[PDB]
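Heads up, the chain below is alone and in the form deposited in one PDB entry; it's given as structure tokens.
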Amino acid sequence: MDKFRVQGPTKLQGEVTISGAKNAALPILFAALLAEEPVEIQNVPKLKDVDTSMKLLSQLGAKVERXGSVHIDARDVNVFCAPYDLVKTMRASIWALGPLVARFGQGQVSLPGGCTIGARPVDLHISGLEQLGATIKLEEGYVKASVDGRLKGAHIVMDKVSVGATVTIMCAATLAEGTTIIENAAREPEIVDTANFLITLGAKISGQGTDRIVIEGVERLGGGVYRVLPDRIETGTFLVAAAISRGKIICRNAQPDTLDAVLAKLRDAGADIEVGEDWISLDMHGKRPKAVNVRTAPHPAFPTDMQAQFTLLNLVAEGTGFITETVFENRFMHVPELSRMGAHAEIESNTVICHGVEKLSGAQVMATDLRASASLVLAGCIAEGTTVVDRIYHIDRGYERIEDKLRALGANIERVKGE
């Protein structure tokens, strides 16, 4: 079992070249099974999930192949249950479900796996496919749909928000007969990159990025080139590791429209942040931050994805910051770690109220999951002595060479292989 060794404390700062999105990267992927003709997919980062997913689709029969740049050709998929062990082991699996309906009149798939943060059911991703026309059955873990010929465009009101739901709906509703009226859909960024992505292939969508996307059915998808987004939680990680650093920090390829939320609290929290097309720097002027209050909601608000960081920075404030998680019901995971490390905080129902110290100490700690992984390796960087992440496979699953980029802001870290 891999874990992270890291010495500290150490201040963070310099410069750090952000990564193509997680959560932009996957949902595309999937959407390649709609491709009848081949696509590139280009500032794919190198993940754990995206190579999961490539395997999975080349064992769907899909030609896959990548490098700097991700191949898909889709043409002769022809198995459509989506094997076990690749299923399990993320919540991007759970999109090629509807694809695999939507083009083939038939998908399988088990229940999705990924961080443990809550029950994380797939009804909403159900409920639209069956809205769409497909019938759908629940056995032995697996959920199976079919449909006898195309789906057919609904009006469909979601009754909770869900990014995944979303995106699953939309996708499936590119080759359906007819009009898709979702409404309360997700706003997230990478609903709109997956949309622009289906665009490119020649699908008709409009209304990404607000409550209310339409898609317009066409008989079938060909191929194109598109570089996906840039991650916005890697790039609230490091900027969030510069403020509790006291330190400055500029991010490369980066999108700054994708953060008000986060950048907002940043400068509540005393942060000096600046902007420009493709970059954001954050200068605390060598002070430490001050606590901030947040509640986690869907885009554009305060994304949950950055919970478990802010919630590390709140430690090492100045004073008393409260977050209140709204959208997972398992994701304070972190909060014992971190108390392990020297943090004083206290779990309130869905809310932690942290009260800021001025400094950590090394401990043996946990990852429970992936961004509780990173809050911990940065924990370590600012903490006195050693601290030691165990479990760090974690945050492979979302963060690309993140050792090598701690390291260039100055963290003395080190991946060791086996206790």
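We call the rigid core whatever largest set of C-alpha positions still superposes within 1.5 Å between the two forms. Positions refer to the first chain, counted from 1. Compared with the form deposited in another entry:
Rigid core superposed between these two forms, residues 114, 209, 164, 342 considered: the one with a C-alpha shift of 2 Å or more is 114. With the core superposed, residue 318 shows a C-alpha displacement below 2 Å between these two forms. After superposing the rigid core, the C-alpha of residue 105 moves by less than 2 Å between these two forms. After superposition on the rigid core, displacement of the C-alpha of residue 85 between these two forms amounts to 2 Å or more.
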Second form
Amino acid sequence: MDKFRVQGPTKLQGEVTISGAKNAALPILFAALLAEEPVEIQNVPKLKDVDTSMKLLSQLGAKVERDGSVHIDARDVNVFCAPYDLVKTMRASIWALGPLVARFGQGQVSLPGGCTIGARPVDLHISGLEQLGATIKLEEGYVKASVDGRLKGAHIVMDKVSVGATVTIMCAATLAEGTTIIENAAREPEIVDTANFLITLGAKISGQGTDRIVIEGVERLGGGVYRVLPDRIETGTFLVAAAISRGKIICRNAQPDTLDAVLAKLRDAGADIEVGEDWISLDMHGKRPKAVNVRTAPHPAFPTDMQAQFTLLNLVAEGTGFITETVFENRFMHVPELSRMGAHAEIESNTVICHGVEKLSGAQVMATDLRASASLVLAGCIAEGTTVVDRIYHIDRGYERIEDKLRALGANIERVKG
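Cool, the form deposited in one PDB entry is there; where's the form deposited in another entry?
So it's only the chain below, everything else dropped.
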């Protein structure tokens, strides 16, 4: 059980290089199961979620190695099941289903269960596949999919907006007979990156990043080389790190058009922001941030993966600000932890109401969330005294070596093995 011991207060300033998007890497690694010649994915972050993906790929029969880049040879894939033991540790494994059924006509993936952040059903994944001609049944907890021959292009109108299901259907359709059209598709940058990787292998896709995606089936996909886009969530997290510590920062290897909503909100909090073509700068000019009001929603609105960080900002800001969550309505476990550190907040239904205090106090807190818990580490950096963040293996799934980057910004942080 690793822990972070953090010493503050400390003013975070300097620069940071952004790693590749964790949530682009993942879908792409699973899309590689479609490829019949070898592919190299560049700029992949070193995260536990990538490790788990590789472990699953390999288990399926693919040939996988890695450093900066990941290498995948999916020619000899010969087992078609993502077993309970893996899926339970990372529900994104469900992404194996699509490609497996599209290419080999069969696929067995464990049905994911409960998550601490809220209800997370996969009905849209299943329904999308059935609509593409797959037959799907559930036995022994496995969703078992099969198709005689290959899938058939279809006009699919999505009941609600879903990143996961949009990816599942998009990927499966690349090897179907004819044209698939996805209506009400998710527009997340990562879905664009995934589509562009697919095209690189010889797929025919258009409309990615808009609500309508068109896929023209081809008979087989090849190999190639593709570089993953920068991680907007990591970028946001560090921008926020500076904004709460009254610091200044430059983020290198960024993609600004990816963060419109976040940057706009940071300006409202009083930050001075400039952007280049692959950098973002933020300066607080020694100022304490002003409270803001936020509502999470699918891209390009403000992202749920940034919600906890902005909650922290508000909790040390001037005034009162609320944050409403419309994507994961129970994603507030960070709030009671920040309360142990002297933050003043209440939760009414799916809105947190924050009353900013001048400074927080060090305490023992517990991580539980892949992305959200990073806010506990950030809190540690600006709190008065010593904070111990327990159970950071969660954070290790989500960020590449966060302590190294924070230290290079002035943080007093240490990883211990209690």
